[PDB]
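The chain that follows stands alone, in the form deposited without the named molecule, written as structure tokens.
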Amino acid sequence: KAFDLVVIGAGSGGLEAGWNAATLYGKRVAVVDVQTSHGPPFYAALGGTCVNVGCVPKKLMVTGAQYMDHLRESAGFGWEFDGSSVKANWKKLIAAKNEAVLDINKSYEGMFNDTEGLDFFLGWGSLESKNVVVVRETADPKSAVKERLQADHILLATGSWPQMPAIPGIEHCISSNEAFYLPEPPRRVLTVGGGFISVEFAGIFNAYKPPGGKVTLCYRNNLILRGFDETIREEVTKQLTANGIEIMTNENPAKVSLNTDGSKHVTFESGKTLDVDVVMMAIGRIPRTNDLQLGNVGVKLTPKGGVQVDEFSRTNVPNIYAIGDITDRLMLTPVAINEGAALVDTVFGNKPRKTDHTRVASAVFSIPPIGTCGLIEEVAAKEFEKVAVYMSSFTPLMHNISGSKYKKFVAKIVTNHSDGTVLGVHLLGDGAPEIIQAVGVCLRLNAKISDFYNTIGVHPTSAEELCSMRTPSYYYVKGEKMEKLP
């Protein structure tokens, strides 16, 4: 019942901290989660959101969806078959995803039993006091105590949860959680939101829709994928449109009613209507702090509801730390993992290390995908007197042959033009997520544009574009866009 470290949430950050503490520092660790394997009722489980209802199943389903483009694109390279026989079997996809996720769930169960001092507890973690976590049977604080855990150190790693707008008929809508378990592929679907989850799902549903199907993505503002490079945001919008997805910008559901056939009558704020079989809400995720009962020990939360932390993932309460999505910063698995690894190398390895939240490589598995690291030019331009933007945008030759002429590859390098330091790299096109990883390492090494252009290209690749750009396309000078420096 006594532990060096108790972790609430067996997810991306929680497991990295737990396993590191046990295996690197022979520490004694409790990890709490509400569920041992994926899906209803609590969706996230042992392994966390990414494993159960996030990156892992999403990427398998985007990979499935990509075959729609490969089957069509194959014809340009001389592949011939009965196009009229082509069917996308969603049920097969979901069964294959379910088996993949379950094997990971079981892989983590093995990890806990096999590892000394690493113990899993099923149920709901909350804080009784500074040094006691209570595991209950439900998220109700009044339910039965299964366990009382003594903790020299407490890690909050409970992640996030979909936000559902409080509109009439929200109960007819799903989140990404339910999207992973739809028994049938929707013929018509409204993905609500302009972020990566709405965009990724629009692509999935677009590939698997039955005949006479239609994917609509709505976003309340002017242009999807706020926080990404502007050129890439416009381009993804075109390329999604090109592949039959309808993008409704400056539009937002005001309500949903069931039609008598079970379908959804969406009324927009603009007064427009749309009938769809599924309304998937992907408008944001919010930290899971409620069920932890943080009032009991006075852990300070931020305006937006995320656990306030310093650079070392420390709360205002000594011995109590918080990593990953509960901190409501960068909601990425590898950031959660990095924070957990750093927190444990600090507290238990006596080797203080802080996560760098700058120059983080990330991806959108849009079709085609985004790979990005560091600052967008708008952001750079406000911090630096002189910003250069290097840009190469073209339909790769293979997509001239494939027939997908709309698949413009975009490579942008944003620099501090005063010294050539690379501030950001922004890619749209096949392989962007793979290209961008080692760019992350480059930015950590303070790479300049000349480090890229003096490296010899790998030919033929999309990636060599990054090593072929010597001359700015344009600049920002004290915030002002211009073709040429004064």
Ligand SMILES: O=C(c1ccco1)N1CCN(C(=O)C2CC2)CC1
Contents of the next structure:
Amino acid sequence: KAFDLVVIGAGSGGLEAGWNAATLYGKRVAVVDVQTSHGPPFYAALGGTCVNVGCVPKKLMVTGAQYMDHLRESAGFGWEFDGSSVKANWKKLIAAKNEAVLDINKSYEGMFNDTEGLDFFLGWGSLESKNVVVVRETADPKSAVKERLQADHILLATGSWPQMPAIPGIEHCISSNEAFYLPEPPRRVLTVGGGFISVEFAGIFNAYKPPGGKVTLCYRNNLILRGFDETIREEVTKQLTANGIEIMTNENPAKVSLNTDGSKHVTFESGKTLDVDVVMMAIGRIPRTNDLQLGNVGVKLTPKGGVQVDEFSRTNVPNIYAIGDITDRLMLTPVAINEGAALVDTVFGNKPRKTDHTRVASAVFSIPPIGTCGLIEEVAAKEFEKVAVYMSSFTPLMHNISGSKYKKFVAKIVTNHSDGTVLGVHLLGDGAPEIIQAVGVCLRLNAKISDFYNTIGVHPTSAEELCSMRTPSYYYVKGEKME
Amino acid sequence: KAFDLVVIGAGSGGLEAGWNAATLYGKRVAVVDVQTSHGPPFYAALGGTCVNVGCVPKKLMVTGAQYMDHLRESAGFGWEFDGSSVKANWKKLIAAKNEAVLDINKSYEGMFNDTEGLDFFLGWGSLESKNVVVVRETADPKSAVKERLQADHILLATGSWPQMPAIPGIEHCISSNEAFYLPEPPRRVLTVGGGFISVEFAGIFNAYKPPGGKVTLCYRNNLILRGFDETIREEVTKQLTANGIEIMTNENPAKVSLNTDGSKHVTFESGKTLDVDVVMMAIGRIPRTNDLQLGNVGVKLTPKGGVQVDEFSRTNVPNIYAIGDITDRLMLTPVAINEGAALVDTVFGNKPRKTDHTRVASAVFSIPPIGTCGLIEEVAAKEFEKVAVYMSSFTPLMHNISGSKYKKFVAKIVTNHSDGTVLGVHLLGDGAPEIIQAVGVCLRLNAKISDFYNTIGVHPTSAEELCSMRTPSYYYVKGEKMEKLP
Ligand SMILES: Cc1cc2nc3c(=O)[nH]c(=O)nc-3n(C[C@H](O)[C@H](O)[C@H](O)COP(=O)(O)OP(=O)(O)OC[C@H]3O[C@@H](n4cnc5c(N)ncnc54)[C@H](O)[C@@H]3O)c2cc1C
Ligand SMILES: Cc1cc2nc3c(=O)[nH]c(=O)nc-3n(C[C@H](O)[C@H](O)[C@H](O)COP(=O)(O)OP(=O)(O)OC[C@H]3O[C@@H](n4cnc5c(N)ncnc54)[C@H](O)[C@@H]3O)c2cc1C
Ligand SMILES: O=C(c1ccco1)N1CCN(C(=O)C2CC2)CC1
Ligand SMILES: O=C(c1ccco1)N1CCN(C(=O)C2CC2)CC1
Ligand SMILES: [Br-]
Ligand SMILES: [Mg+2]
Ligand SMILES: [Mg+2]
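Having seen the form deposited without the named molecule, please provide the structure of the form solved in complex with the named molecule.
Below, the chain from earlier opens the complete complex, with every other chain and molecule after it.
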């Protein structure tokens, strides 16, 4: 069959590209994915990683985990109930999550059924030739051919996949993929990694753990959440610890064996040991290029295995493009979506556009959460002669009364002190992911600190802290910090 | 007895002006208030209305009230407990609120001690003359002088006070002042009015009512929350009703009598009756100008009764300024604070600056809450030839799981369709007040609809809806509503 565009991967970026090309530019579009609905064996499916085993279900589960705090915090506001009757029923959470995910799967199925010139093919997509995509039964390229798709244009949008370290007992560990399908909440769990997935799942498991349970997070480096504002890294470490999570920094698993009762015996490089029910590896995500047989067409990969692209998502092969996590840049759903829309506008609309990967607002659904947009001060200080940091950090009042006195809200604005231009805004505390969205719009408009502090506050909010900072807390001058 | 600046009212505007004048410009500042800490008899105190009987305690109490929803909603996420054991201990809430407000009162006492020039005087400020404030023992002008303050500049910042309709049995009724100190949560309460205070308190009382409880909100006109986006007014009405609050619109109390059991018998203008334990009147706040004795220096008041001011907070009398609720405009703490900061940066910084009264972000801590900045479409439609309205309204997925299907999140962007300039943004749903703050910054920067839709979403959030709207839902062309442009 013949298509203007063939999309391999029916995910965040692939569906944006395919839908736009079919509906906005009237192109005949084929989209390929390995599964029509979530979960084992391939986990990701129609809708992509975010829908099936990412942002969507993880946010529902963090929302679930937040009730542990709400139930405890309610007491400060005079709420009374039988604390000994309280159970976190993980089975109910997982069933609720599964129904929500399946409903989305179903709605994408309906979207393909109801959208003429947008066709779905089930199976494993690979490149046979520069204008032919082959859809096969399995990831094995010797598996049976289901389809051969003639393509003027080919989009690679297969996303990423959890990295598993080649250690003894790796087979006894899981990734986020399996975590979404644990039938029972682990009493003891080790999350391995200092990134958002490890931190977010540490919070989820901490809330649903059965009585006498314990969540441990291990990270090789000294301070979790590399890439984030350093004050927020330190504070979120403290606030996790305060909620009963054991943060093991400068620690990494050397191997895992089965205790006789089937639990996991963890040996760390430091010669520390930990017995847990689950070991969840969240150490990295790698681009999914192995199965694409890109050697059939000579698409250039990086040593990492990401598809190399120009700013317009073009590979070295004309008519073959790559967007989203497969490009191993910013692994966010809205970025994949933006890159897909920009590609289709460029290629099919002759409306040349490239995605801006700077000043992208993002969040960590830790408890409490992070919202951020733009540069951290250490990065800014290397690119700008004079950098100012505006910082406000305080336990909000609701949290004196709630009894969570540890829950400091951090609000930090990083500027180019030469002209006041805001380079970065970093938030820690309830609401942070919701606050930071419109800050993204501010940074697109080259907002200055004066634009923030001359805006009238909404009171009482945590967000109004952003509009209440007149005076720098400290500076970097030619890379050097000064009070 | 000699000051660069004397401030009457140690509230939102008065303290900002006071503390700025002293710390930024090393000026010598007197601040007068009637009370050092919250509650009866004068309710407002050091810190002002917001701190003592306003934004701060209200927000703690709405937060408390939110746990009624969280406890129920937890079940959808697998939380299990004995629902029959749940009690809302109002007395605990009020004790906690009182301790939190007192600590802020003590905070401001600290501030006034730990700061040179900045000195607090207790008692009732009034104007003797152009350059003298007299502090007396009471609000009666005949009462004893405690101090006579010499004033190069005078700031009136006395705020507002609840209006109580002059109906038979008004003495059986309370205002928000007394609501903060009720010794028991009412089983049955009538909140009178359709503004933010009535709506917020209906939410609070609804969460803390004892078993067999009922919250009734009445409003004299057809639809609550005049001045808010119409879609949001209708939606808040539905979402309050869904959570058990009875909304009586086109209804207004004509009188109240005490029943023999101490309950209140409300007769409406319509002839309807209702028995409640509390009648809380929230029909308006009026500027506090009586007690200042403004007749003595001829400070001009408005046809409404607020101190008349120019864009620089200047009265008709040189050296005499007025900020915040006494000016009877937008009665918000951050506006008072902004006006104070501008007045001082102007007069003592020699850096004139005028508060911008447009594009002010504000919130209603309704359950669920409102966040809004700038013009509602009906107002835009009278000023601009072509207005576009972008609307997204859906129950967020988490509330399909929670069981609160009625919690529709509403996001509306109102534009000047001629250039795409955002004129207003109207949000209803969890997080709306937090979402809207940086939208205020966007509007200051003359953000267009394309600045929103070209910004990359934060996923998953409610806020990202504001970055997902490319196509108008409908328009106003020369005031006329229509689905499509001509
Ligand atoms: C646990 C977790 C949480 C996350 N949380 C967030 C968050 O909150 N917010 C956020 O913005 N981002 C989040 N992300 C990242 C986000 O999921 C990804 O950035 C996004 O899904 C990438 O989109 P994409 O189009 O590159 O690919 P994907 O959405 O991953 O889609 C790729 C698709 O290709 C399919 N596929 C792969 N190989 C083949 C093949 N050969 N043939 C056919 N189909 C194939 C897969 O089945 C998959 O459906 C999260 C990720 C994870 C793992
Ligand atoms: C129930 C309620 C809820 C509110 N919620 C919010 C909210 O969430 N957000 C928001 O932004 N705004 C809110 N407001 C409004 C906010 O409280 C006011 O806008 C703000 O306090 C006005 O500041 P101001 O400086 O004009 O005066 P105030 O802060 O009212 O300070 C005036 C002070 O003057 C003193 N005073 C009066 N007369 C004299 C005199 N003659 N001599 C000496 N002292 C005197 C009083 O004791 C008082 O302390 C709320 C108001 C109420 C009543
Ligand atoms: O790991 C994440 C992440 C995951 C989810 C949300 O954020 N990031 C992105 C934001 N980062 C940046 O440094 C910004 C570009 C400047 C690095 C850390
Ligand atoms: O009553 C309130 C209010 C009280 C607390 C928060 O908002 N408002 C603000 C919004 N309004 C406006 O008209 C905006 C200026 C345009 C009028 C209604
Ligand atoms: Br580190
Ligand atoms: Mg179709
Ligand atoms: Mg002092």
